[PDB]
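Here you go, one structure.
FYI, not all chains are in this one, though none of them got moved.
Letters are used for the chains, namely A and B, taken in the order the chains are written, and counting of residues starts over at 1 for each.
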């Protein structure tokens, strides 16, 4: 299954957001990160990735296709807007092993707020 | 401004969801609830409404337009899927007075989980 995430200046939840900010996916699914508005990218949050998953960082304004082969949590940020709290979370499969890492990862205050909100969606 | 909320069997955050589940709006805005999938409606959570706002309850399978004139939090549920956690939250203006009412409102376990996730977005 394929899921789409937009990078927005002003979304339903607030400013400088990934929308949806949380995706529950299954191993092997595809996540498409697509700008709606210019100025944004998608970059892995190093500390919030499953074992073995390589970091990624897209170029500003390009669509990025992520295949989530590995189960766990994948945290993403928008590089220029990380401090503005522009972060997203993809849960791949049940009972992610790296939940504690996602809860304790250091990031800017507003990013940590939005990440805690996303974590509240884990199921 | 208009805002759109989809009523879904299976959304990015899980089964039986409003998507987006949280909307930040301004006084006077309209929230359109869209029957993307059949079987859903929108109904006020009477314990999560600003002062002076009337309850509402749409018919299954219809569009519903909520005009949010008064500031504060508006909780919504889908009537047949309340116990499956199909609840949403609209924040109108800054510093909603009824935050605590929304934190404590009685509801089915899964609805309370989702509602806590929505609350985590208030800003």
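FYI, a residue touches a chain if its C-beta (ideal position, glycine included) is under 8 Å from a C-beta of that chain, and two chains touch if they have at least 3 such contacts.
K.L.:
Given 2 placed copies of the single sequence, how many copies form the entire complex?
P.N.:
4
Assume only the chains that are shown with their structure count from here on.
K.L.:
If I superpose the C-alpha trace of chain A onto chain B, what rotation angle comes out, expressed in steps of 5 degrees from 0 to 180?
P.N.:
Result for this pair is 180 degrees.
K.L.:
Round to the nearest whole Å and give the separation of the Cα centres of chain A and chain B.
P.N.:
24
K.L.:
Within the complex, which stretch of chain A touches chain B?
P.N.:
Residues 3, 11-14, 19-20, 22-24, 113, 116-117, 120-121, 123.
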